[PDB]
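*Asks:* Given chain Z's structure and the hints, the job is docking chains E, H, X, Y and A onto it.
Residue strings, one per chain:
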Amino acid sequence: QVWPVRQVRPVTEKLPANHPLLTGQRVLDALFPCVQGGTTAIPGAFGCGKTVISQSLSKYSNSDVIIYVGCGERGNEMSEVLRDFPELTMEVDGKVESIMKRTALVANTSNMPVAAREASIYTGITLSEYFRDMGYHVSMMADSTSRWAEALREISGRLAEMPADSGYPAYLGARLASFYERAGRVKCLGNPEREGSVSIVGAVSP
Amino acid sequence: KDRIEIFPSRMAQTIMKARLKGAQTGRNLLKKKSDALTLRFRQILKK
Amino acid sequence: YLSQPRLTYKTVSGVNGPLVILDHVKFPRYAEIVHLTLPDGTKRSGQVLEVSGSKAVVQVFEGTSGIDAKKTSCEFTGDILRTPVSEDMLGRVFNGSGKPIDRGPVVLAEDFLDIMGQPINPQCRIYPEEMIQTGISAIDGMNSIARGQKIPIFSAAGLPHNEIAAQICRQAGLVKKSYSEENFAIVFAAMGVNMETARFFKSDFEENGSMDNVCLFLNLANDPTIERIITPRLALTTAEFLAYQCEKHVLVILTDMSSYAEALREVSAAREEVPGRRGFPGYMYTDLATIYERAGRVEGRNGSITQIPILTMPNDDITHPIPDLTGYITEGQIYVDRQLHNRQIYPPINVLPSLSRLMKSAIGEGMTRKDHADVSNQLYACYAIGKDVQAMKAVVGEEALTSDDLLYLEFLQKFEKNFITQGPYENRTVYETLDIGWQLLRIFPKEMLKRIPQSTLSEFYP
Amino acid sequence: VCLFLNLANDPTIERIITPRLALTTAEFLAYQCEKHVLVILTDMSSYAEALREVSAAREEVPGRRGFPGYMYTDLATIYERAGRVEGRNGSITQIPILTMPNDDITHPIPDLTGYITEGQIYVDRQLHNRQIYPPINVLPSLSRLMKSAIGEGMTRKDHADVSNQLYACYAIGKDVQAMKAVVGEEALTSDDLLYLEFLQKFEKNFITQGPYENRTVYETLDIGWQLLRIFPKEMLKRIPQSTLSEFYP
Amino acid sequence: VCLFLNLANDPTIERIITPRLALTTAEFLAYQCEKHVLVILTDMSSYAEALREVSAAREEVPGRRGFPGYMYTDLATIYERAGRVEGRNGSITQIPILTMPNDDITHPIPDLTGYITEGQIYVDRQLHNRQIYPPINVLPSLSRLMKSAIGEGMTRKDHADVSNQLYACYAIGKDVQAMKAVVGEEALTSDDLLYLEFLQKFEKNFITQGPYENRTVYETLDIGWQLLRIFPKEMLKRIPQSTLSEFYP
Amino acid sequence: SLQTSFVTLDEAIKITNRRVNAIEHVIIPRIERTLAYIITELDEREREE
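Residue numbers (the deposited numbering), protein chains in the order written: chain Z, 207 to 412; chain E, 4 to 50; chain H, 39 to 216, 222 to 505; chain X, 257 to 505; chain Y, 257 to 505; chain A, 150 to 198.
Keep in mind that the hints are not guaranteed to be accurate.
[As the list claims (entries may be wrong)] Calculated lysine to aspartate or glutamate pairs in the DMTMM-like style (CA-CA distance at most 25 Å, straight line):
(1) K489/X to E475/X
(2) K49/E to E160/A
(3) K291/H to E286/Z
(4) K20/E to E190/A
These are computed hints drawn from the structure, not numbers from a lab.
The shape of chain Z in the complex, shown without the other chains:
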């Protein structure tokens, strides 16, 4: 199939957030609950073990399909991810299944063309929407929204566009609103009745 990346795949209808999202970690699961189809944010500065949070999500979750996304990560820093992520393990009837056949990776380095970095996020949300129309529970993570934002700012500056407050062009708020509402729980469209959903979490580099 070929599907435009900027178009939202239609759905039969939307449903409230009912089922709760699960994680192996105790604190995040008990006191600050998430939902199947929710939206989360988390800081991403150096020196914090968010990689452990990534591993906790990938190993242990109500979902079944996962998408890691990237928009420029300082080279070696994501080289570490490319080295270590495929080596992770799960348990399915005791089978290791360390292949991570429940994850698809999309990554970008700093030197990749600006268009690719900008469109990586929309690529990820397109893939998650597709695998949600499949009828599953999907989860996405973004690497650093700020770097996507400054990539957008640079692309705007290339065309010589009027800068808004603090330099970033006016697209920011509306684009983020659209991107985040693309998630949620829904009933899929198709004659075999089914359902799916899309959780999402994102990083912020203040």
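*Replies:* Same frame as chain Z, but now just chains E, H, X, Y and A:
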């Protein structure tokens, strides 16, 4: 009064940054001195 | 390859500033090089900047002075700027364009390469593992540099950073564990520098017997700006050839990229693109990214590349675009503080705000030694406490202090006396630095070593 | 109930047309059916953003924070469609809801909101951190129509002076609390203690309210009088003496 | 006296010509009649505004704050019409008045006038708020008198030294005033009280001067000496020893 | 002697604590507001250019 009266310029920014750093350090030292005095206060109040 | 003959034109529509308008050109290329011949007989060179229709505009490196409207001529290479490269370039010096500065001959073209370079497949990147000896106690013990880690250095104007770079180049090397140091090399690149600090480099690097593993580039301030923008890419490409096509580990040093940014502003102004933040084009971020991300190890090869640039901070402003973006695309930084320079400490490194993101893998038991990480962390923490204790003494008075505070103050004093100061030529081995650290640590009594595991304390403290 | 919907996924430019259609419907009902109509807009910030985007595409003269220079005329056009008309029993009431970019109030959006409407209500994040269901800050929330529906014959004789005295007492309370935050506690006087008690009881009783509670105006004035009785008779410089004699006991 | 009058209600364009019409007559009287001339101009901000009108109408590249770039050369042209000349007698003494946008000394107009005129006298708003008829702040002011007023044929030898000492003392007094705004009066030493007391006396007597009250230069220096006598002789560092022995008692 | 020293001690303590609160709750917010305003104005100038 809530805004210090000075026209915007780069050197206003530099001067205010320096004043901010100085005020922060002075606050830290003054808090330290209060802490030392309170330590002595408690110590002589032992009995 | 090319077999067609080269062309010549005399149609010169006009000139505006450092650019020259021509017309009636058949299939002009974008960035093809051309030569110029003034009527009086002088030679020049330039690069095609923009192309539209049968017209084509060209910038001139050496300036547009003396150009005649009707009596000039030009020639077209018909191809993009290529470089001659070879492993025998060591021991030489050049002027950015590749013209030799010393009295040697032209470099034989063992190979031709495209200066613009290529991106690197992220799948092939390998996490850096080993560490490079530098001979400086601050850079080696308190901090570290891995085989691939890109670490810039910040330094305000008028402070001795060129001396630090020169000493690093002189005393560079690998850790002697017992395929040796012969594999290591250096590519040094200085841009937009005074004639002083240039004679100094070309003389001093010769005076210490190290030209067998150095390939040097100079570009004075008065040179064309286009030479300035071109030079670092040339350096990076020769580094890539020497490191990847031939199995070598290469340490690239760049000086004062702020002048590179100035040249970028120049070329942007020539093309008449609207400035943005602080008079800098927005795409300078991606440009700097292109000048970066030429490091790290690669599978299927045993080589490495490691960038250590230097920057001039305008008025100690961390939020200025240049250092901020550089931090966004680098893995650490080393600071230089004015007060330390006023204290006549030859290495003015202030190790507190500095930080290296890849310490945990650069050192270890298979590496220099097992106790290294513990020693480093303990040293950092106790130095912080010592600065705090000097602040304490600033008010509370010396008589109100405890024995612990005296230990901290004495340790601090001896620390800047010995650990920081090296001398302009003292090449300290890593083991020597760790020994000095242990000697300084022994001043404190056994129990205060909270960051030290007990086993290491038993092994080394006595 | 008439609803016009616009999710964020809809085209940005259509939001410029969206409100005017609702306003046209409201005008039709008001001035051709004698229907008393209330109107609510969820977020004019999105309207401002879309208008900014259009203007930036049209390279128009900028203003404050790169906003279009002519928001004044546009927003006036949107909001002017309200009030009452002679000879007809219809009416139109407008209640837009604005989202500040942050705690600032001097941002151009609220600034151009200020000139239009004859009053405004303020919601304070700090009071929401205190877990008060209507976190309303009275001080920045004047209403320019406190003249034609207040007093005897409309609500009650002693209304406006009670409101003014409560305003003054609350302001003094904020001032003395700020003073206490620095000077300490032992340096405060009796009147300061009275003002602090007034603040505590006023925030506990007056503003506090259930999600479905419905107080008449009369009991609200009764509660206000109960709060005011804390102070001595002589300290209410904002009230004429006759009302003080009439309602104090 | 010869007057030229351009009023606010007249068209602004003739402001471009008016100053030169004044200066041509001035220089003719100064170089064809040997008559000494004091030429007054006022509110050059309007002249700069007229230049802005012309430049904006002509769509030239703006410089700083919409002012044309070559207005620097223009001001150089209009100010370089003073000074003596050999073989003749008489001269011109140029005294413009400059209206100030807000209070930013770093505004383009005052800055460029600072690069051409040798000196500048500053009028301060704070002093006028504190009711001082000549509200002049000595600190920002400066002139090129180092070679003019000496004493050998001029006022007297101690003149310049006295002036410099007063200036330094005033600067230190303002520093003490700033210090007092932070901490209480307890931290003040004898020196700080002396400096403050000097500040009030100097402000209230020296600068304070009603209109029509011509003062001889010697009287002014005597007043300065009276102010100096307040401090004991040891802290007057700038003063040469011989002058100190001669005049302090 | 003990209580006599104690008196002056607690007076100095209260004075210093009052000064600490004064420095903390007044000067710094004003400086931060001024810095934000300055940044905004410089941004406006750049945008206009």
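*Asks:* Which hint numbers doesn't this structure obey?
*Replies:* Violated: none.
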